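Shown here is one chain on its own, the form deposited in one PDB entry, set out as structure tokens.
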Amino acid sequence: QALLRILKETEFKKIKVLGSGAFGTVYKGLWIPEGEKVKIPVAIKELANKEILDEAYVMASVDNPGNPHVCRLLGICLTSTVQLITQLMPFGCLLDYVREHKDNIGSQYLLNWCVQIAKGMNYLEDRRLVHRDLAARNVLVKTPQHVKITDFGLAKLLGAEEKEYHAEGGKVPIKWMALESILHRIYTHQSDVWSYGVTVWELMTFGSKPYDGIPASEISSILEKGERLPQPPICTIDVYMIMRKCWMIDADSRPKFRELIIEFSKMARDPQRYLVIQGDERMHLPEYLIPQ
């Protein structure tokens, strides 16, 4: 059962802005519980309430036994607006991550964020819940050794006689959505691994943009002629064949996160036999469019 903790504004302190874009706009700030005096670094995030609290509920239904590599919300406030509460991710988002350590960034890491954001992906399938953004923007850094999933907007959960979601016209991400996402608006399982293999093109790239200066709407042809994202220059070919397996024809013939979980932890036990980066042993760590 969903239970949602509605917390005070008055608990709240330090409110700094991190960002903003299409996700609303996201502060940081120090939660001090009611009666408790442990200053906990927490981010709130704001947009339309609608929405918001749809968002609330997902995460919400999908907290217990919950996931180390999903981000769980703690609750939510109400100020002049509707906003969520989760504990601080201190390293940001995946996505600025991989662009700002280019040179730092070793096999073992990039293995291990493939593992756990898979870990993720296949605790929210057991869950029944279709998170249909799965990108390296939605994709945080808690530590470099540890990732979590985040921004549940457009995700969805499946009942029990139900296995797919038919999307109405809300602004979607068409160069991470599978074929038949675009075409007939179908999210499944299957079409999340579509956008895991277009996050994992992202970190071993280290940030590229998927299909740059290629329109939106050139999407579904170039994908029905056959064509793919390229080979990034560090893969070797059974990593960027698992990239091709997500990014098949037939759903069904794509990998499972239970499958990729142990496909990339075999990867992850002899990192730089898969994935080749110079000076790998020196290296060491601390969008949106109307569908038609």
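Only the largest set of C-alpha atoms that superpose within 1.5 Å between the two forms is called the rigid core. Residue numbers count along the first chain shown, from 1. Compared with the form deposited in another entry:
- Among the candidates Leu95, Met204, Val82, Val141, the CA atom that moves 2 angstroms or more between these two forms after core superposition belongs to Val82 alone.
- With the core superposed, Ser61 shows a C-alpha displacement of at least 2 Å between these two forms.
- After superposition on the rigid core, the Cα atom of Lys13 is displaced by 2 Å or more between these two forms.
- Relative to the superposed core, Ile237 undergoes a Cα shift smaller than 2 Å between these two forms.
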The other form holds:
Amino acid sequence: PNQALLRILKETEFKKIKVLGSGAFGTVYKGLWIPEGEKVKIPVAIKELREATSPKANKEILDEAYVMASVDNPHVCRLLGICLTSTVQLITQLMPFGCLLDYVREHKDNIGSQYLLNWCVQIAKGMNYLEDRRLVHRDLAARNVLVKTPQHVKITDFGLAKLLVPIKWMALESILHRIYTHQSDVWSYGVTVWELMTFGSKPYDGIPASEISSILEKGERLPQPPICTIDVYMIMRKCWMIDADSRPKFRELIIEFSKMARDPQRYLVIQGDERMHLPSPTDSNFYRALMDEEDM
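Can you swap the form deposited in one PDB entry for the form deposited in another entry?
Chain alone follows, minus partners and molecules.
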């Protein structure tokens, strides 16, 4: 792993200036990195991990980080820099749009089927890249897709679970036997797609994680999203098959959700979809040049 792809930061190089949110693994501040000997202050995203439980040695952390920093894909967020102190602080590119989950919740009325189906494509491509790299995310969820632009999404918090439980997003084998494979990540992908098709609903609402394994071991799955058709749900329902090797491979999902994007009026049904905002070329280039710029 290119040991130059991860830059070691001294705590004096950057500043916390805001709290964007917290999760099971740490707190994420919006940050500013002042290049040594420069008057500019560049927007970053510091995530401070919480040690528990229980802690890795400084060297082993580096090794895992050198791997998270070696992630090169248009749809997978890469670890830019790290900071070892009394705590460990990860540094990534600041995403102003926030996570995808929050995005749809904000826009439950404005999304077109073209958008949704495309995000499933981008997430799948991203997960596929990770799969091809023999890397297991472990923690895939719609909260963990950041929106770079409304038409470009990426995946964060990769391999954090390896350093340091999202029960309602885990496949059965992960819950019961701590098994984590590219196929368990597929199940999580299914839940994520569910989250998207329901404009930010909560998986198993009211049902305590305590016994999610129970309902699952009894064949209980999530409601067929209101806007989905059978073609689509057949796929989701396939991602949640107790037999792991029965679930779709990511490369196949790319093709599946791609084929569906060819005519999104067919696989998805939405209020103003007949006339809802499709990404215009002249609009997309503006977004890309000003905010994106990365090869994809």
